[PDB]
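Novice: If you want the building blocks of each chain, they are given just below.
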Amino acid sequence: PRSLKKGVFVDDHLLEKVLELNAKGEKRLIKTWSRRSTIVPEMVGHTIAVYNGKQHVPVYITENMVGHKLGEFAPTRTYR
Amino acid sequence: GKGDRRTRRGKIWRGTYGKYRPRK
Amino acid sequence: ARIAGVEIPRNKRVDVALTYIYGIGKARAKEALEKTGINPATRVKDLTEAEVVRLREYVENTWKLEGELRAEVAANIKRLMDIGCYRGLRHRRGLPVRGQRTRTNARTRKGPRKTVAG
Amino acid sequence: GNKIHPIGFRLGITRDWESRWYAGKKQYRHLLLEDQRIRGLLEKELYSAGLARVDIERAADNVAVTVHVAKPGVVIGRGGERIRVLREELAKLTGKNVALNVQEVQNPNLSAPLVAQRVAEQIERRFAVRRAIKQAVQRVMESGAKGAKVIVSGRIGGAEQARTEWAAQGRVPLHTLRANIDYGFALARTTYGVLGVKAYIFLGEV
Amino acid sequence: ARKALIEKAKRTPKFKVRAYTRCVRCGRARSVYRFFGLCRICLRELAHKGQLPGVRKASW
Amino acid sequence: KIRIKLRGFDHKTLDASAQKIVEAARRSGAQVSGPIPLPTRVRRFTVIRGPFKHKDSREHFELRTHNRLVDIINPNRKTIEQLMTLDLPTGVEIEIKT
Amino acid sequence: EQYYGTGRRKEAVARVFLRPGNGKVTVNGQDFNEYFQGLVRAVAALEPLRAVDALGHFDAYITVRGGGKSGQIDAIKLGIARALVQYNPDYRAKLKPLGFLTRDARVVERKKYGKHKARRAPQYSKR
Amino acid sequence: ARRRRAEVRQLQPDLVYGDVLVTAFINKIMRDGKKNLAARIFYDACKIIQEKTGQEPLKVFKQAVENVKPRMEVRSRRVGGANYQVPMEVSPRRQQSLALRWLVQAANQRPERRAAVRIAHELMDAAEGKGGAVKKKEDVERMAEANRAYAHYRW
RNA sequence: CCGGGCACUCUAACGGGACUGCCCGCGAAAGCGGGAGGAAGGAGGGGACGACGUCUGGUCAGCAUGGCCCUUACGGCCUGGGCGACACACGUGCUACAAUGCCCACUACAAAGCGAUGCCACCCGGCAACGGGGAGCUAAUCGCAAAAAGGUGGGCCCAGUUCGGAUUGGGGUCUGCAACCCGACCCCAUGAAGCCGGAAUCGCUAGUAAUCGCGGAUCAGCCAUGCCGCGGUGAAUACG
Ligand SMILES: [Mg+2]
Ligand SMILES: [Mg+2]
Ligand SMILES: [Mg+2]
Ligand SMILES: [Mg+2]
Ligand SMILES: [Mg+2]
Ligand SMILES: [Mg+2]
Ligand SMILES: [Mg+2]
Ligand SMILES: [Mg+2]
Ligand SMILES: [Mg+2]
Ligand SMILES: [Mg+2]
Ligand SMILES: [Mg+2]
Ligand SMILES: [Mg+2]
Ligand SMILES: [Mg+2]
Ligand SMILES: [Mg+2]
Ligand SMILES: [Mg+2]
Ligand SMILES: [Mg+2]
Ligand SMILES: [Mg+2]
Ligand SMILES: [Mg+2]
Ligand SMILES: [Mg+2]
Ligand SMILES: [Mg+2]
Ligand SMILES: [Mg+2]
Ligand SMILES: [Mg+2]
Ligand SMILES: [Mg+2]
Ligand SMILES: [Mg+2]
Ligand SMILES: [Mg+2]
Ligand SMILES: [Mg+2]
Ligand SMILES: [Mg+2]
Ligand SMILES: [Mg+2]
Ligand SMILES: [Mg+2]
Ligand SMILES: [Mg+2]
Ligand SMILES: [Mg+2]
Ligand SMILES: [Mg+2]
Ligand SMILES: [Mg+2]
Ligand SMILES: [Mg+2]
Ligand SMILES: [Mg+2]
Ligand SMILES: [Mg+2]
Ligand SMILES: [Mg+2]
Ligand SMILES: [Zn+2]
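As given, the protein sequences belong to chains S, U, M, C, N, J, I and G, one line each in that order.
Heads up, the first sequence is in the authors' numbering, so the first residue is 2 and it goes up one at a time.
Heads up, the second sequence is in the authors' numbering, so the first residue is 2 and it goes up one at a time.
Heads up, the third sequence is in the authors' numbering, so the first residue is 2 and it goes up one at a time.
Heads up, the fourth sequence is in the authors' numbering, so the first residue is 2 and it goes up one at a time.
Heads up, the fifth sequence is in the authors' numbering, so the first residue is 2 and it goes up one at a time.
Heads up, the sixth sequence is in the authors' numbering, so the first residue is 3 and it goes up one at a time.
Heads up, the seventh sequence is in the authors' numbering, so the first residue is 2 and it goes up one at a time.
Heads up, the eighth sequence is in the authors' numbering, so the first residue is 2 and it goes up one at a time.
Don't take each hint at face value.
Said to hold, decoys possible - In the DSSO-like style, the derived pairs of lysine-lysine whose C-alpha atoms are separated by at most 27 angstroms in a straight line are:
hint	chain 1	residue 1	chain 2	residue 2
1	J	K57	I	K118
2	N	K50	J	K57
3	N	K50	J	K55
4	I	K127	J	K55
5	I	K112	G	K35
6	G	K35	U	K12
7	G	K136	G	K48
8	I	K118	U	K3
9	M	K111	U	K3
10	C	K26	J	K99
11	C	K26	N	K17
12	J	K57	C	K4
13	M	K115	I	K127
14	I	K113	G	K35
15	N	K58	C	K199
16	I	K118	G	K35
17	U	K25	M	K36
18	J	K7	C	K27
19	C	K199	N	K50
20	U	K20	M	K36
21	I	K113	J	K55
22	I	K116	J	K57
23	C	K4	I	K112
24	G	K131	G	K63
25	M	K31	U	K25
26	I	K112	G	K36
27	I	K118	N	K58
28	U	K3	G	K35
29	N	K9	C	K97
30	J	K55	N	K58
31	C	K97	N	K11
32	U	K20	M	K27
33	S	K55	N	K15
34	I	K97	G	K36
35	I	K113	J	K57
36	J	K55	N	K4
37	U	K20	S	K6
38	N	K58	I	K112
Source of the hints: derived by calculation from the structure; they are not laboratory data.
Generate coordinates for the entire structure from the input sequences, incorporating the hints supplied.
Specialist: Below is the structure:
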């Protein structure tokens, strides 16, 4: 039960950046402070470092995780 | 009773509408 | 009265007795009785071989059911588990997923209480 | 921890609002803000002029700001000069084209807020508070005023520990709302601390 | 409360959702009545003063 | 049809203004239906007494907007001769819809 | 001709008109037994006429409104009482000793703050 | 009751019989403030009890409630250490209340499915001299005549 | 609905009305017991109101304020995150463990409030949340609106169930710049514990307890089962 209902929202920040990164070949680590945006298909293959609120953690983006968000793989919490 | 959201009493307790409690 | 992948209700009302199938609740039972053209208030014993065979025709292949449904749900768990998703982590640690509080009353998902000292 | 504000009790019977007009959903908020701005301005400037009550009334874009003064000479000013500046500064904040009105209050010792201001003044220059208290209650009692009461706050005379002062006279029944009990609060800001001054004055029956 | 935190008054909040009441007199952070523009403490004191017309002592 | 919507925070003020209007209009006009009273809009506000709890101490106040209706029938000139602007009350509020 | 009694019970109003007739009582376009169908206390509404031996001597038409149907029944009782008194005042001698002319002033009591419903206090545990 | 005698509430008479004990029993059957449903329970039970045995439910009700009323009971009194069970007689009002309470509690502790059936059969058994309510009554009375050794602690 | 009319219910402003006044009793008096009359009585019921002071009670984290520390810095903007963490422990509650019950149609009766892009009758689409269209109400006239328990009818048949809805998988609407952290809601499916609760402990003396729904403030939305009000039905018991 998760819903965006139309024009699935992806922030311009990484949108234009990655759609221009794809044109020159795959790039290495990217900078991401916007975990509010949705993952889109052409993101597969990169390595995206997202913000925990404190840290910068790299995430390998694959075909399986397209429908979800950036931040499902950056755990804010730390326990045990 | 009131917690069952797919029955009519659970619909009137939440005040919502649907298939198990149509409006009219 | 065998209908789906092995499923034998008996001695009750048919629409009620269909809830005992895995992928059928009251809604799908009413839908089966609706489109199959069968009296819902009938007992299971009085079900015609033709009525039973039509219920089998509909219920068997319109929705995914017992073994397929259990394996599909479990494989969905495994699917969002093998990915590094946070939801998969909540399924790993055995904690509620829908976004509840875990300070108190996480009993259903976390199991019986294991009381450490303090 | 008891004894709610007396004028808030009194608002219904034997007391009236400092603002009496009408509004709705879309108007009440900033109109009340404008009233607060008016009272703010008049408490900035007219404190030493001996003012007690500001009654603001509105019919329809008509404002009727009424200032009750113990000394109208400082409000009117020589040749009316001072009823020009701050009466224009009043309209330089609100574009409602508002006019100003003055009124006389007899016996400045009979109005409780004025007595509070007086005792707070004598406290700020650090007089013995109890003499100011009893003298104020006598000023009240020497002209009608079947009851009078004065309360002062802690750190009296600059003392480290906080205390509570006293010396009412007559009869001051805050419990029963019958007989037009007036109340005034003042704030004495001094080097040692802050002293609240409560002046209760009881006059009339019905 | 804090002066800068009344930044709502210049609203321009970059997003329409970020508008909160911020009781005018006391600069209330949490609990504000929208009809008076004041907060429960400021409303209490102002209704005690007698500057809010029509406000009486409720009793029944 | 001359509807006169009277509204206020004070009931005696409404009675004063409405009765003055009807007394003015009674010297010229018809068997005027006169001062009908309408239900009052009651806005209640519960406030916790002390800042920083003592939750169960709250007291409430109530504002009430009173409404009255006039409904003058067949007024011509002398009615509005005593109508233009002659009233004292300030807290009263008058509307006219036709 | 016709006699009138109003009565009132627990936020209910039951205008009662009594005339001579056979004993047929109607309410709001329904007979007395169709509108109050299956209510065990519905017989108490025509109880005030059993000290005067009506229902064969009388006939009624009632219009009731407000509250619940039990308050409607009791307001019907009181209204029948006052109509019976205005018909024949001597009936008072047999009415008030029965108690049918007394307005039941029991009203639901307002809810107070700090409580759940107007008297129930919230439960504390370990004082 | 520190000051006053706590004057007893005078219940309204009944619409069917005209008797007050019937209204009291119907109140004892009522729960959550449903006197209508409780009255329907008692009167369907009245029909059932008048049919299954060809007697008037009036006198059977009266005889049952009379059979369940006890004549002695026990109250605890603190004397010289831990308290003791002291027997004593019963007030008529308290006999009425206890009889009706035992009636309802023994009726609902019965196996019968419907409420009115439980009420009717409980009233029948109590009117015959047997049943659960009379068993609780006779246990209350068996508390007396047993600790009668404390008959000098009456108070 | 209309013509029309205020008698009625009603709405809301002023009044009348209860005072132990009448009688019996007891008493030195207040007063007490009983009775009539009365809508009502011995304070008719409910509020608002909380004394001199107490506990160095509570908050300078609402405000105002006396002193001591901060100054490319505690001040200041913004993004992200947090206040939602969990092997545990209590407090307050919500829903329940069913047959005086559940569900399904059908039908009747409240009071108090709220609504100018705000409440949204009505038609259409959709199983639905909801969307499109669109009338009216500056609201005793319009709308929220259906009250719910109840009534008759029906099915269930003592069974972890046509009890109970937690958990979880999927699909979807909506407010919003944006629902991973972390929203509500709808639909399909999954249908957990729980079959009246150990020691102990809580509320309530009359429309009260119990139960049933309704509304409101704050608020774009809402984790509100909270809080503050409203009425429906309506007890048990008080020897002491
Ligand atoms: Mg740990
Ligand atoms: Mg269910
Ligand atoms: Mg002053
Ligand atoms: Mg001094
Ligand atoms: Mg007074
Ligand atoms: Mg400050
Ligand atoms: Mg906000
Ligand atoms: Mg807010
Ligand atoms: Mg609270
Ligand atoms: Mg009430
Ligand atoms: Mg209630
Ligand atoms: Mg507490
Ligand atoms: Mg007409
Ligand atoms: Mg007349
Ligand atoms: Mg007497
Ligand atoms: Mg008497
Ligand atoms: Mg009497
Ligand atoms: Mg009283
Ligand atoms: Mg009183
Ligand atoms: Mg009273
Ligand atoms: Mg008093
Ligand atoms: Mg203190
Ligand atoms: Mg402390
Ligand atoms: Mg300061
Ligand atoms: Mg918290
Ligand atoms: Mg409608
Ligand atoms: Mg009108
Ligand atoms: Mg109308
Ligand atoms: Mg109108
Ligand atoms: Mg049935
Ligand atoms: Mg089990
Ligand atoms: Mg089940
Ligand atoms: Mg069972
Ligand atoms: Mg009491
Ligand atoms: Mg809301
Ligand atoms: Mg939540
Ligand atoms: Mg609610
Ligand atoms: Zn404030």
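Novice: None of the hints should be skipped; say for each whether it holds.
Specialist: Outcome of the hint check:
1. J/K57 - I/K118: 17 angstroms, holds
2. N/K50 - J/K57: 23 angstroms, holds
3. N/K50 - J/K55: 23 angstroms, holds
4. I/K127 - J/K55: The given pair, whose Cα atoms are some 20 angstroms apart, holds under the 27 angstroms limit.
5. I/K112 - G/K35: Within the cut-off at roughly 21 angstroms; holds.
6. G/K35 - U/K12: 24 angstroms, holds
7. G/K136 - G/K48: 25 angstroms, holds
8. I/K118 - U/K3: Given pair I/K118, U/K3 holds - Cα atoms ~20 angstroms apart, limit 27 angstroms.
9. M/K111 - U/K3: 25 angstroms, holds
10. C/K26 - J/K99: 20 angstroms, holds
11. C/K26 - N/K17: It holds: about 21 angstroms lies between the C-alpha atoms, which stays within 27 angstroms.
12. J/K57 - C/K4: 18 angstroms, holds
13. M/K115 - I/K127: Holds, because 25 angstroms separates the two Cα atoms, which is no more than 27 angstroms.
14. I/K113 - G/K35: 25 angstroms, holds
15. N/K58 - C/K199: Holds: N/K58 and C/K199 sit about 22 angstroms apart, inside 27 angstroms.
16. I/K118 - G/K35: 18 angstroms, holds
17. U/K25 - M/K36: Cα-Cα ~24 angstroms, so holds.
18. J/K7 - C/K27: With Cα atoms ~18 angstroms apart, J/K7 and C/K27 stay inside 27 angstroms; holds.
19. C/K199 - N/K50: 14 angstroms, holds
20. U/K20 - M/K36: Holds - the C-alpha atoms of M/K36 and U/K20 are around 17 angstroms apart, at most 27 angstroms.
21. I/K113 - J/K55: Between I/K113 and J/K55 the Cα gap is close to 19 angstroms, so the pair holds against 27 angstroms.
22. I/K116 - J/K57: Holds, at about 12 angstroms.
23. C/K4 - I/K112: 24 angstroms, holds
24. G/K131 - G/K63: Holds: G/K131 and G/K63 sit about 15 angstroms apart, inside 27 angstroms.
25. M/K31 - U/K25: 20 angstroms, holds
26. I/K112 - G/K36: Satisfied, since the Cα-Cα distance of roughly 23 angstroms is no more than 27 angstroms.
27. I/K118 - N/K58: 22 angstroms, holds
28. U/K3 - G/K35: 20 angstroms, holds
29. N/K9 - C/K97: Roughly 25 angstroms between the alpha carbons, so the hint for N/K9 and C/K97 holds.
30. J/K55 - N/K58: Since the Cα atoms of J/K55 and N/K58 sit roughly 22 angstroms apart, the hinted pair holds (cutoff 27 angstroms).
31. C/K97 - N/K11: 23 angstroms, holds
32. U/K20 - M/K27: Since the Cα atoms of U/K20 and M/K27 sit roughly 12 angstroms apart, the hinted pair holds (cutoff 27 angstroms).
33. S/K55 - N/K15: Roughly 25 angstroms separates the two Cα atoms, so the pair holds.
34. I/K97 - G/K36: 26 angstroms, holds
35. I/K113 - J/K57: 14 angstroms, holds
36. J/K55 - N/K4: 25 angstroms, holds
37. U/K20 - S/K6: 22 angstroms, holds
38. N/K58 - I/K112: 17 angstroms, holds
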